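Shown here is one chain on its own, the form solved without S-adenosyl-L-homocysteine, set out as structure tokens.
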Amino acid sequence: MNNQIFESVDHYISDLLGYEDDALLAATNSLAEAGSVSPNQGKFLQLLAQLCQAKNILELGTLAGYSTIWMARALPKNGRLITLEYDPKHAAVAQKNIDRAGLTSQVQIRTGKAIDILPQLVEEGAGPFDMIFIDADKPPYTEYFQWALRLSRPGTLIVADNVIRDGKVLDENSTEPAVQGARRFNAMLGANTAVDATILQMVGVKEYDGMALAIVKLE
């Protein structure tokens, strides 16, 4: 769902504050050249990483590494971003995209199911992460959140994208699994007292999106 005015204003904004280098345009083009992004949303995630003074970032859902590039660019040279990708064909393309962006040393791409890799990260002592970005399959969002908390510290920012589904999450009778998964996630966030949180309704060149932001509380 979109509106001409949200697309025209987003171009106005990216013309001022959303410059994309060759690496980011190549990452966008890499999906077609085998088989939608927002520079302003990328800049936002980067600025969130900078507000966290992030040194260690966890991403669920690499795709071709578009958001990975924006976020890892917040890192200092010894910073690290771990990104989890289900599809090995995507992970390979993301690796080429990460290398072209000059981010080989800062990014580690892991291929497999996030629900299998999350406990591995705990076992390895990979955390805690300053910022965690979730944009993967919706049904498990609630379970990914609990693992995310186990990999966090007080003040960690957890971001979970695409949680409003065009307003369908308002329908208590929905039987679409993505809508049920988002609706379950939102209800969990509403009731959760380990975090302080909101959901932003974001518009622009990407279709209308809800993005959850949660800060982990000191226990």
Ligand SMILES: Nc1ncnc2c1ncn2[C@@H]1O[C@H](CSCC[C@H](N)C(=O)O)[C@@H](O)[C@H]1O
Given for the second form:
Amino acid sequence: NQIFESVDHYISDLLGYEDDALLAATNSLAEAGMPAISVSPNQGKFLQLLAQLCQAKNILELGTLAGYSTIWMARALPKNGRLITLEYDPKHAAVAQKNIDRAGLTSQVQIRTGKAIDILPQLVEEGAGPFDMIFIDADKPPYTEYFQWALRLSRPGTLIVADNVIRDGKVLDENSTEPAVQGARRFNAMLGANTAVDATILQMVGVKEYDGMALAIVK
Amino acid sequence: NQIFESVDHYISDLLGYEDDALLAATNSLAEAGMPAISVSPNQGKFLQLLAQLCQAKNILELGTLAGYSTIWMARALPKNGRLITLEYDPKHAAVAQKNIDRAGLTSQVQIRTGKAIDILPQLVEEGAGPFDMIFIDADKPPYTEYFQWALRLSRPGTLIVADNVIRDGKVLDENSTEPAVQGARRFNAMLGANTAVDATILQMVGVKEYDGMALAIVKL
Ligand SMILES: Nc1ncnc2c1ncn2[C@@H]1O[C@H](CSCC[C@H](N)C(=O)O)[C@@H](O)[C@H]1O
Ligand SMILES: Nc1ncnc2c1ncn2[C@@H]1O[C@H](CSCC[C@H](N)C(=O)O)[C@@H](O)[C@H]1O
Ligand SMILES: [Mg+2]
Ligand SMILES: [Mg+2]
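Could I have the structure of this protein in the form solved in complex with S-adenosyl-L-homocysteine, to go alongside the form solved without S-adenosyl-L-homocysteine above?
Below: every chain and molecule of the assembly, starting with the one above.
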């Protein structure tokens, strides 16, 4: 992995500058005892560019952690735009709130604390959709079901992005016993059979373990 | 590279289906002595998806080869959409025209034969722009100047994509002797310095050699 990390540092040195709010969001993970699993700086910038191509005014994120990915995307929003992010762990949600406040995004970002599978039908009842872009990055086994709820909260042209769908190439092992690999494989099979979207999977290398993100556009 | 190749085939079995027109465009290369350097199927679907996000009506492509990338992007267009593709080699242009005709894309694709640096100022003079998406994929040394012309043919929100800007990590080598590597390094420096766009570089692995594509959006 060394060449991929060195090339990622080359790219972030040109195009992946992180202000105090993004660095503080990263620094908050270890002091809070949270896992070091945010998107990378360059992945962050890529999510921001996708939100700009979507001309996104309304973004939904499942899985906030410390709000690193949230800050990157919310920075693409217009003044009147909104990002709703779902986080199960009340400690993660409190840390993310501090980090979003430090980024001056309190007004545009709403953190909802609970399981995505409980909150997604709430968003349906509220008529919270449709969203211009949806980022699925929570627990891995129910990605397939999160995608079905995302469709209910989409319009034609909505972008749905799902992170961690390759898992170091372990998705090739049909006999994998790892929950996160089985979750990825089931989601990828659903995505291959889904006639409601146009989709691809991007292999991703860099500072993080070899992985990939799925991208889908609602027909 | 074996794991990346195996994962790419896994991905294209799910989401990278190629019809006769794309398979025929690939098959056309060997009989014409052309390099097997088109975008991969999965890269082709990615460019198609970027064109759909752009809601592209007008696309510009530098470097046609056999029209493989051209067919993937043109298929995102509405019928009244147009794609202009530039190609220096008349042998390549004639193969690409056959492949575009086979794909049913004759109305939507205009292949222009000559040096990109000669045609781009003609496009500005004709008012051919602005393009919703621009794909820079010709010879590598003038990438920096192709990008300057692309900005003259853009509007706010235009997506510019440049292929082959990592070259197996050789862009880390400040003493590279390879003009294509030197061209990518100069392009990536320019892109780092450019205040007219928001940009990133995506590292790309799969069936082809380790490389990367630059994505830039012209600021609003
Ligand atoms: N059922 C569930 N609903 C919502 N969030 C969940 C969940 N199960 C786990 N999570 C949360 O999903 C997150 C995954 S990590 C998210 C990383 C973040 N998007 C970033 O890149 O910065 C964790 O914070 C975890 O607590
Ligand atoms: N100065 C120049 N102007 C225009 N095209 C050029 C050029 N120098 C090289 N080319 C052409 O650029 C092409 C690069 S390969 C293009 C591959 C194609 N985009 C695909 O993915 O399917 C070759 O066809 C080459 O002949
Ligand atoms: Mg993730
Ligand atoms: Mg190329």
